[PDB]
Amino acid sequence: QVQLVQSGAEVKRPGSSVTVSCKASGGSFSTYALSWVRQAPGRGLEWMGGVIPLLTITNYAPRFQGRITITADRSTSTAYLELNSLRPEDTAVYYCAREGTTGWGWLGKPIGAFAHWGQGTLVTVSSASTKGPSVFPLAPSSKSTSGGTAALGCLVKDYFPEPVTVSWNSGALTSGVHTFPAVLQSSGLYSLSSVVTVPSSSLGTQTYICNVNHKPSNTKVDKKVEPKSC
Amino acid sequence: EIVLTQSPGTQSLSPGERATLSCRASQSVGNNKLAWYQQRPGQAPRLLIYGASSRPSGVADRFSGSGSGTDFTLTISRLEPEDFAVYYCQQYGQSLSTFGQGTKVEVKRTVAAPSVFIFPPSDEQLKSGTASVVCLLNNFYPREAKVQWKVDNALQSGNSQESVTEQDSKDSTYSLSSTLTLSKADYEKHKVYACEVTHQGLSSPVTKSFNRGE
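For the protein sequence lines, the chains are A and B, in the order given.
Each residue of the first sequence is one higher than the one before, starting from 1 at the first, in my numbering.
Each residue of the second sequence is one higher than the one before, starting from 231 at the first, in my numbering.
The hints are simulated quantities; they were obtained by calculation from the structure and are not laboratory data.
Treat the hints with caution; some may be incorrect.
To be verified - Facing chain A, from chain B, some residues (calculated, C-beta under 7 Å): (1) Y318; (2) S325; (3) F347; (4) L366; (5) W379; (6) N383.
Claimed, not checked - Covered stretches of chain B, as calculated for chain A (at least 3 residues, CB under 8 Å): (7) 253-267; (8) 272-278; (9) 281-290; (10) 328-342; (11) 393-399.
We treat Cβ as the ideally placed atom computed from N, Cα and C, and that holds for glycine.
Only chain A is shown next, with the shape it has when bound in the complex:
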């Protein structure tokens, strides 16, 4: 089986250039078309270009024509995507895809369609600096319906870049947990909310701690959420 392994996430500033690699393992490298597809957050798929390594023939999409460079290195069975003059709208997950085949080796028969995909590579382009989030408590209402259901959570604010993972009580609390997708604020910093609904009867006895993890900034924050002492 064909395996495509891409390079790790990248954080770049506007005007710079990034190079994403796609190392192929399994099957045949030289005779099959290797394409690059990107996907902006919450958006659709977008074909950027492709290459057949052995033919050294590259085809680019008109939108990227001039700032994009796709190469295939038969010596390492590795394809490369180079995207220059980066702008904030170049922020996306960049996928490497290879056409599928019926059979093995060079005398394999190509189907054209992308049957093999890499894990993807997040490229974030911004003027912002890497920053861990501030974690503020979304305290349970003092007007919580006695006997019914209460909502609480943590506000994971002002971090860069994506992603952030949030858990509750070190993974012990999973029912009723909603970690929302992050929004990109006008300040260039990301922000998301993680909430959980619990019985109102538990509010004064049970401890609720949200576990916020921001690997890009090596930040790990544990915030305790309790009712406010009004």
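We have chain A; now place chain B onto it with these hints.
Just chain B, lined up with the frame of chain A:
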């Protein structure tokens, strides 16, 4: 440049039903080189159908493709729970390849009203000069919901951002979070903070509010 248009944007069906997705091409797709892809959240796209009708090994038999020229169709004979995702069509008959804008297949369930909650900014955050007010719309269907912020009974606009969760795998509902952001200065300039929620499961708009400092 061949433009693919998928339809509908969202397809709301119950499990076990037959889903039919449409891909319309602006011009004829040479040699029927049309492909269908499935993509789940946090995962790379997966090839379902190639050559308009051919299906790779390992792909379920309920997926079938048909059509030619400019009208193609992806057919899921019976919708399994794992089939509810996003589907893309792709033409690769030219050197210049393009995708469709995609079609989301969501689970259709009974209409559910959103449980609304409002959160004042914490004292810790105010200590940093900014104020974020969070309105939570919990577990509702359908996805379409409207959130309006009211500061001293004045409709706000351009100072709030919202995000929606993926459809829940258990109850098939959605959840929305609206965040109103102000400076501590502009936050202390007013007293009443309210979030007004309009939905379909609601006969009348629901308003959750608080007064600053109470």
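Going down the list of hints, with the structure as the test:
no.	hint	result
1	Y318	holds, 5 Å
2	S325	holds, 5 Å
3	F347	holds, 4 Å
4	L366	holds, 6 Å
5	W379	violated, 15 Å
6	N383	violated, 20 Å
7	253-267	holds (count 3)
8	272-278	holds (count 4)
9	281-290	holds (count 3)
10	328-342	holds (count 5)
11	393-399	holds (count 3)
In this structure, the earlier hints numbered 5 and 6 are contradicted, and the remaining ones agree with it.
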